[PDB]
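First, one chain by itself in structure tokens, the form deposited in one PDB entry.
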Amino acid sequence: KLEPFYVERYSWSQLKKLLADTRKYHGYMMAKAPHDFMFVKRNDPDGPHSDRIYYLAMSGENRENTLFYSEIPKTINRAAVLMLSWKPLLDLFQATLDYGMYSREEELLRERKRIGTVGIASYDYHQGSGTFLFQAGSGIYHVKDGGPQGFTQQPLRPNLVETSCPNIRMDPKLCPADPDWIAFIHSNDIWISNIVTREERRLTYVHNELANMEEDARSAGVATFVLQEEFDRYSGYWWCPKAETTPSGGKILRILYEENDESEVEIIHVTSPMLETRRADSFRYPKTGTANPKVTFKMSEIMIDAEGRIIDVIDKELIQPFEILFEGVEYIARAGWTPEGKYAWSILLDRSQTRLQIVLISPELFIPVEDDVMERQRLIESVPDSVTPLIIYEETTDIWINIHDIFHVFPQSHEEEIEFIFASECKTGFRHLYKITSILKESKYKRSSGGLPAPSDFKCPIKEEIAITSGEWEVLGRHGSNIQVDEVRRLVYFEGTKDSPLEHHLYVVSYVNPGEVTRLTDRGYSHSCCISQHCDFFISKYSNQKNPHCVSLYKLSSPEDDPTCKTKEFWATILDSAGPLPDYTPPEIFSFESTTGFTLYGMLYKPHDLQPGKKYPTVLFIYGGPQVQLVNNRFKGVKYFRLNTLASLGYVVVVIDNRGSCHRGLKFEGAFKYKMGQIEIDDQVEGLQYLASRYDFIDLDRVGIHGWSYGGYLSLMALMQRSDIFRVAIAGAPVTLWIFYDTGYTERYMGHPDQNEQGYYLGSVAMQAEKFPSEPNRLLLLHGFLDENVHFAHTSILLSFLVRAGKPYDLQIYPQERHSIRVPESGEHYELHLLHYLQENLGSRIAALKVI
């Protein structure tokens, strides 16, 4: 047997220094890498550059995220490496746009989007005009570059869209049909504004700001909480991309929009950030098994004259109710328009999130809003029976639909036929690309006859459904991953896991005659990529376990003999890594064949200065919930630097991707359907025991577990289920009662509470307080006091029952925090307390000495 290693026992002040010192040189890495790329052709045969790329980035730390451009040359010196100069697009020389001073609406949107970046978070572009449009702080701004106006050689003054609106304007979008017009949201209604004429018009009259929210529960053009939190949809209006000309010389613009009524959604109260007020803000929060918002589509029809003045605005609604036309639909997951504007589209889910359908909605299906019951019938009867919704695709699953951003509609060959690419895990269990052609036939349902439509009545038959990709690996379509379709060469570029579940790579394949899938990115790195709209360059942001993130540009060509075959050449560097981080030792990726049938992957951080014949305390860092993969071949020295710190003090650090994790397919993900909390710890312990039999340095008598969010949830489950294995559990922002979490997440993974009584019971820590230990110095709870996603009541109710059960707990609250750490001092305190708790209760000599 082996001697236990005890960590050096630092004071709280000493640990504060140690932590500060190791973060000092490491301050550069808090800075957004170049993103939101767009390529624009120069079309200058005499000039040296083929393209100008535009992107968002920070030049350094303590500096705002802004628009830059770089110049792509026609030719390169292949002896050398081209570093592209970042030229700032905007005049920011003694001129800041975003300070950190956010409205409530911005604060919340930042939580929902998970963005911590100051400045421009995104932008719109209109290629015909060269018009950029972006929100930055209070203001909405525009500049022109890359259109007929030409290419600037110097930074541009951002032009403020002026306003009479009193409150923050949100979600600005350029009209693709007319770039003089923008729309935005203000106090939950849609407005438009002309950036030349300065004319500004409110389109929807659904919310009064002066009313208190308990009465005034309607909104237009904006996505409600669950859409933002659980479906990554932040906008609820979409411009029609074409204008109908009028005989007068004018035009008609159209905005499709979601109108929401939250009246029957339950109201909770979250503590207001201004703690001194001793008040609480109301939120509409659909808890599991309760009402989601009443939703419908509406359409705004905007008549413009010959010289851009608004003649009239006509608010239109669906000819029959949403619930009749789209039987069984609970959520509008996505929406848009077809490229030529003939039809609006939407991707629609049922409440259980096991049925997806894609529906085309003609504008002819909307009529003017008319309270007058006589002229309303005239309007209804005038719309022909042949005009119905068209369900172009419908799919089901025993597990769940994962919503993604892949959907590409080709130009129409024929009036009665639509051709598109979609992705799905429902055929094979892995997300793949399918080219689908649907027939747009007149429905058997005729409104005139005065009945309601039967469920199948709007289903379009499928002419062809060809699989473009296939295999035991997924195409990526969520969280920034998407496709790029080259309609000339008839190819589709996409990101996937074909080569490895630990690396994302860029692939290309024919959509017309699909076969060999060609990998474009180099093995040994994981890549996040985007492809020029012209399909002749791509950019890869890439790293691996040993090497920090770089961003490089690659040129695409094909050989003379085969235009389908695509090849790559390095062109230039956009961002270099500046070596490997000093005093960072990366982990080793390991794997083990589980008794569950699956290979499971993990990361092991060995203790630094590992003495032979000693056994070391062990810390299991965990997330283990859906939509996340911790273990992959990416640089972990930025986001997970403190795992390396733990290792440096003498902790073994372990991370395992249990079943339920991302990037292993739907069957793998599906392992915990109805069963959250019941399976994940078995995987964690199995991985832990694999390591322990292989490596005698792991002291199994001193294992700790720590996680945030689903990680905190599981940290509690570890302690409750397996007190024999886990000595301490440090749970951050856990769910302790699934009945208090929301509809969109909870019902997806656990179903309705009445149809899973035991799953809800067993998955709910707070129902099981008696199962916690009766020894102190094992349970530490952490929570953001202002958290509106995971309410603090998860913790307060757990404590309520721990107190009744006579069980000890330790507790830390971060009173300025929600479901995130945004105040640096909060993070500093957390890290310090964590290291101190581990030292005193797991790792040190004194920890061992106090265990009776």
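The term rigid core refers to the maximal set of C-alpha atoms that superpose within 1.5 Å between the two forms. Residue numbers count along the first chain shown, from 1. Shifts are known only where both forms have a C-alpha. What changes on going to the form deposited in another entry:
- Looking at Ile813, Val823, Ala31, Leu799 after a core superposition between the two forms, you find that only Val823 has a C-alpha shift of 2 Å or more.
- Shifted stretches between the two forms, defined as 3+ consecutive common residues each with a CA displacement of 2 angstroms or more after rigid core fitting, are listed in sequence order as 25 to 29, 817 to 823.
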The other form holds:
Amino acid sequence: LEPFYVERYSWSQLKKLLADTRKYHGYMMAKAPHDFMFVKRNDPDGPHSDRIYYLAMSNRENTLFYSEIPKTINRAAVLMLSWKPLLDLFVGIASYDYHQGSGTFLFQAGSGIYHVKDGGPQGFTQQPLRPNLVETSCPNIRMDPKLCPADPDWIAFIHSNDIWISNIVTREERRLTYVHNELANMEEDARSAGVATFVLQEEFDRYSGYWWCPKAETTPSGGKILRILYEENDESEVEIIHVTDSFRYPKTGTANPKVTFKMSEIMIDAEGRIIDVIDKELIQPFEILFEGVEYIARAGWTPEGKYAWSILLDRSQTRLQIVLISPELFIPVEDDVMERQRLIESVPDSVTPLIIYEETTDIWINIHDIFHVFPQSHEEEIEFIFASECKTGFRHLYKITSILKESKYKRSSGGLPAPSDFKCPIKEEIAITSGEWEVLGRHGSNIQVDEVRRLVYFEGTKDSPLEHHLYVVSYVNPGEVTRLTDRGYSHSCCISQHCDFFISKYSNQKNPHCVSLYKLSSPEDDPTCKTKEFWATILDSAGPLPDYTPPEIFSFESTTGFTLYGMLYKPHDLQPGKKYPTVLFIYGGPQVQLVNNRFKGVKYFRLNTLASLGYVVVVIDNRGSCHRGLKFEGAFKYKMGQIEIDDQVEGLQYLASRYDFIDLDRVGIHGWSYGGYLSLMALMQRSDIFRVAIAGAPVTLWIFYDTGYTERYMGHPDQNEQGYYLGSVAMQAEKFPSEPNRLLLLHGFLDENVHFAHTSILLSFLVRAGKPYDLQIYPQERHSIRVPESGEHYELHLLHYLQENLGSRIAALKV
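Could the form deposited in another entry be given as well, to go with the form deposited in one PDB entry?
Since only the chain itself is given, any partners or molecules it might have are not part of what comes next.
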């Protein structure tokens, strides 16, 4: 079998070749319609059932569109919905709030907060609407604006890490919290109000830190009380890091912010003006009420506003509690310590945190966005749907009834609560779903509960670990699960709040993403049984790209007892009796799955380019990758970096003994982030297999990464001395090759997740160890390769590097 050698292009040729095949994209394309809302027309004589509002790009601003849903279609034809701009514009909108009662939209668009009215009592527009600025006196950019659901004249926003409110009719503006000072330096002033800190945004996808009570409590006076639950964070003890401003980064094994809950009680007169603002604090400290809690993972309100709820995690992230928090647990902030004593005694001992759910695992808690509270029908019971892996090892929906009874803990006795004094008994716990597959609850995946038909819609892997599908099941007598989406695609969906329509954004390997609307119905005889009919296209496919050759999906029966899936890009113009150089592309880390039946043409296009130059490309989902349950994810607990390259090599050898065109003496490996890490691990542990590793923004030292990620997967470094040692490439610089042109590092200097520090400390230990390395730095742009200028130079340098040191004739003659 004769080696194939990639045509040795020049840097000028390779630049032009890249510039010609990039007639589209910048690692992403126009954002597909998203954040759908369904509003009923309610016109007996009109042709349209519903108006749908969404965000999309028509290089254009992300903004708000609507489309008309007709009552009936030509079932012969295909209706392409037309996009009607909602807004007049003379940046972008990333999200929006809506109040159905009033038809009020609220959204940030650059520095400005705007509002417009559509779909309420005032009716439906046939023309773009003028966004109305919410006038402010605040000097700095306002962030994270939200309508009071109890009263849509009122909004809240954040300004210099404090919570403010503003009335969009009266223009009254009022600061609620006094915890931060913009003029003091972030070394001195490290307290915030209503803002998710770094680890909760980066490692748990919680972006908001305050929650409006959805109901107003009327006064005797004809006024009302509006309420805001908010987290308050003291980041003083937290490590600072400087990146050519500063910021607060809890490094593994170091302090997370000090956290509590607070309650702002806002009194309004009959005319809608502020009488008073009372800031309120927990009757006892957070550490006393919620013992062992590190992380406030999610929070909000019960539907009637009777309770705040939170999902609370311990530091090890192996204990999850759901807790109800009555607003009566909060008392005014009071400086007079006798007056404060009187406020403490004034609240009954019967008023206590209510742990309505608690679970533990020896692997990890994966936080998700699934939690639905049914209307209370009795004061002593709450009924809710939650999702959990902790019962069977696959994430399933459970319908739970918890009993809300008095604690044995009486605060009057002057003692401190015992570890389970707030545990609620479970009256009932029922599995709504089960089996060797998972319900999705992350990255837009959620449930829609139909409380009239007693159904829940959910997305899952039931049909295949390689496609997300939409499903419905009864939550009252769980039996039959109906798949609502069609096989041969992966679906990302949402359901109308009215439960008579669903939208799917779907793709496969051959076919770019499309977005289509589906009507839902019931056979006249059984409202429980659900059928779908096609209604309309929102976004048409481009169809198979004229140049792009999709990969093939393969699987192998691993010795570890799991099926492993992979993608294979056969080289273009394959020849008999020639074996081609192989690039393995890897992520390999938790919470990600590369191999599924979706279009890889937008973001992984250049794996096709590589194939067009004469490289075999391989991608494998090693143990630890997601959508295969907690046991499969749990393989590397404490052992990150130890098992991943085994699976990669096993799959590569599987492919090699099946296809003689794979040249095992010319394997390169390339990844970003966790994939950068495994590229380094691969060259270090298996220099026999891998000729070259290109490591992009690698983790090189687990103690330099953050609390929320590394402790979930690796525990505390005191309890895993060898895991941290073996897992940390920088601690093992002496195991790298002593021959150059095998190791290439790539990093941006201003990277905010994986710091340049990882590359720079690796470089220090490579230098002390007398080891060669190549380096490409993207000096600015923070996103480094996401920004096209840095990205095109990366693609270019990468293609040349593989040509010079793996692919070409010269490369062979260099060794």
